[PDB]
Every structure is written in structure tokens, then in C-alpha cells.
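Heads up, the chain below is alone and in the form solved without this ligand; it's given as C-alpha cells.
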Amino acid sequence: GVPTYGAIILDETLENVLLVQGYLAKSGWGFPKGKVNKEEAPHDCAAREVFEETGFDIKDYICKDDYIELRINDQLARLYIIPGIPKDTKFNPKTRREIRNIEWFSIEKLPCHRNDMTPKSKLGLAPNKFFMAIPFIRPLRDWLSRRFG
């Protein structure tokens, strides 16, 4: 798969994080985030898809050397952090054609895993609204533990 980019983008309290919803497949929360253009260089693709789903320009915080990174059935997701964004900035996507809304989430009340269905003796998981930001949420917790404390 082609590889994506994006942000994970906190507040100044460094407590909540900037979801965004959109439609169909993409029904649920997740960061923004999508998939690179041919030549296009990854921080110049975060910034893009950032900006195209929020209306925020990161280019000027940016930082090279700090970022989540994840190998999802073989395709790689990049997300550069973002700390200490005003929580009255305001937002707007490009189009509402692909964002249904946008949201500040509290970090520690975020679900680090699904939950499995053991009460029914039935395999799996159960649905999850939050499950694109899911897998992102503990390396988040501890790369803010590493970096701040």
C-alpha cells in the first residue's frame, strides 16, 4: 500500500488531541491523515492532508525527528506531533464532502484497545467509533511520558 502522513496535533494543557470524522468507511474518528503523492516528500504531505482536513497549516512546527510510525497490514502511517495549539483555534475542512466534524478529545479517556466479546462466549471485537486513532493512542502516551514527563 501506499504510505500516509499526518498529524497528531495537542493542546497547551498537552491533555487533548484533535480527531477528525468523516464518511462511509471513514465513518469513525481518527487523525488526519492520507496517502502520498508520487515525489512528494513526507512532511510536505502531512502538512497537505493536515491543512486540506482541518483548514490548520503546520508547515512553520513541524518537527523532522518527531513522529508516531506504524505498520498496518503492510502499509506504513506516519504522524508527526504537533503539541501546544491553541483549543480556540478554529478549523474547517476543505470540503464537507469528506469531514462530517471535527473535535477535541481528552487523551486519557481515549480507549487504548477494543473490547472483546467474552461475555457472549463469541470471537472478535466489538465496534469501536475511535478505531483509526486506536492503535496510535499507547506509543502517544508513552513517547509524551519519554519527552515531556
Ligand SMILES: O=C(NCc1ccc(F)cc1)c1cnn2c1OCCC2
Contents of the next structure:
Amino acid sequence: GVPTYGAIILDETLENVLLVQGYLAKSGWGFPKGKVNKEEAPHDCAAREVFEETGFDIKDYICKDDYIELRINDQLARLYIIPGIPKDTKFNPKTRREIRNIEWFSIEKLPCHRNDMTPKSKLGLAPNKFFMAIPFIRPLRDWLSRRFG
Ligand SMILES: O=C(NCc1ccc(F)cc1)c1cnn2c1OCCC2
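Can you switch from the form solved without this ligand and show the form deposited with this ligand bound instead?
First the chain shown before, then all remaining chains and molecules of the complex.
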């Protein structure tokens, strides 16, 4: 799988994270990110994908060692952590053919796992519009505790 890079943008209070909503298979909410191009450095892919999806240029704010990286089904996804971005920032994707909406979400209200269906004696997980974000939420909360407290 081709690695993906993007960002976890937080506001000044550290309460809220910026999520984007795509279409079709990407219909739920997730962190802005996308596939690395041949020869492209991880930091440049993160900035490009984030700029394409949100209109916000993170290049001056990325810190090389501040990221969360997960391997999901043998694909690497690395999100650089970008705090302190004002909640009144105007975010506008480049092409609304890929991004439906861009919103701030409260970190403490976001799920960090999907719910089962043990009420129905059925296996699996209930659908959740935050499916793509969920795997990063607990590591992000733990990372913010370690880095800030
Ligand atoms: O990434 C996702 N959503 C956020 C997004 C939307 C548009 C975009 F351009 C970038 C990020 C997403 C949701 N569901 N799936 C996703 O991607 C993997 C397959 C299933």
C-alpha cells in the first residue's frame, strides 16, 4: 500500500480538531491526508494534501518529530500534529469535487472506538461516521497528555 500523509490540526485551546468529509467511499469524516507521490518527501506530501483538502498551508508549522503514525491493513498513515490554529481560520478546499465539508470537532466528544452490536447478539461494529478518524483519537489524546498535560 502507498503511504499516506496529512495532519491533525488543533485549535488554540487544544479542545478541537479539524476533520474533513469526502464523498462516496470517503463519505465520513477523517483527518486530511492522501497518497505520497514518487520521490515526494513525507512533510511535502502532508502539506500538499492538507492544502488541497482544506486550503490551509501547514508548511511553516510542521514539526518533524510531532506526528502520529499508524499501520492499518499494511498501509502506513502518518499525520503531523499541528496545534494552535485559530478556530476562525477560513478553510476552503481546492476542489469541492472531493471535499463536502470541513469542520471542527471536540476531541473529548469524538469516539475512540466504534460500538459493537451486542444488544442485537450480532458480530461486528455499528457504522460510525468518524470511522477513518477513530484509530487516531486515543493515540492523539495520549500524545497531547505527554506533550502538554
Ligand atoms: O479519508 C476518508 N475521509 C476523509 C477524507 C475525505 C476526502 C479526502 F480527499 C481526504 C480525506 C475516508 C472515509 N472513508 N474512507 C476514507 O478513505 C479510505 C477509504 C474509506
